[PDB]
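K.L.:
Spelled out from the first residue to the last, the chains are:
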Amino acid sequence: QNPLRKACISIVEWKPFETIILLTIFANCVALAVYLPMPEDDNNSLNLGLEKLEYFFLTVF
Amino acid sequence: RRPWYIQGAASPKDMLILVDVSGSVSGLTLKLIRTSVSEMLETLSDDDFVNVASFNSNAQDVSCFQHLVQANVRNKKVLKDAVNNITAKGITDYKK
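Chains as they are written, first to last, in UniProt numbering: chain A, 37 to 97; chain B, 242 to 337.
Bound-form chain B, shown alone:
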């Protein structure tokens, strides 16, 4: 997980974490999804770009960004603080 390893082990990325906030993920699945998205963001460096969508019968962004941002310490902090507020309710629609 170290910066030097994750740097020398691949090329810069354009990640788009697509959380599922349907009703069925409510309970323990939602908690594990929050912790997982955070621990996944912690594997991004400053050359990689990231954004966290979220879909439940409607696909919306999870934060104030609406496009791929640079994944530095401040942007990752924004994304984590916005993911920790996710709630689960609705139907699922993978096409949206």
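One chain only, chain A, in its complex shape:
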């Protein structure tokens, strides 16, 4: 349907990309295993350093 004016990226999808994504989704799963939930809105330093680092994982995917 769409012509080849948009496909500035179709060439890179067939690179060893699935490895860069399969080892990016692993750090995102480990950044959920070290998150420590605290009662009644409390928080510590590391949990604040992982809510920012979630925008870095929400932008690659």
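The set of hints was computed from the structure by calculation and includes no laboratory data. Not one of these hints is a red herring.
Below, a sample of chain A positions facing chain B; criterion: calculated Cβ distance under 8 angstroms: (1) 74; (2) 76; (3) 78; (4) 79.
Straight-line Cα separation of at most 35 angstroms, DSBU-like style, residue types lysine-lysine; simulated pairs: (5) A:88 - B:337; (6) B:272 - B:337; (7) B:318 - B:272; (8) B:321 - B:336; (9) A:88 - B:330; (10) B:317 - B:254; (11) A:88 - B:336.
Cβ coordinates follow ideal geometry from the N, Cα and C atoms, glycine included.
Chain A is already provided as a structure; the job is to place chain B on it using the hints.
P.N.:
Relative to chain A, chain B alone:
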């Protein structure tokens, strides 16, 4: 714990019990903190001065006092009745 012993074992004090009412102390820690603060006040005589602060991202007094009071039976009663109403919610900030 007797009055005569606690008297002859030290000199008069200016205690400032600084309870932590952060969110993480909720549960059993908060109950033990209430009972501990009460049993600690019970070790004060009439020459000692005391006040009970409380901090969770904000440091406020726990009662109507706002400065060191004389720790007699009535003031200790006020402080105990005000500590038994403490609730736990917020973040911790030791500097405040």
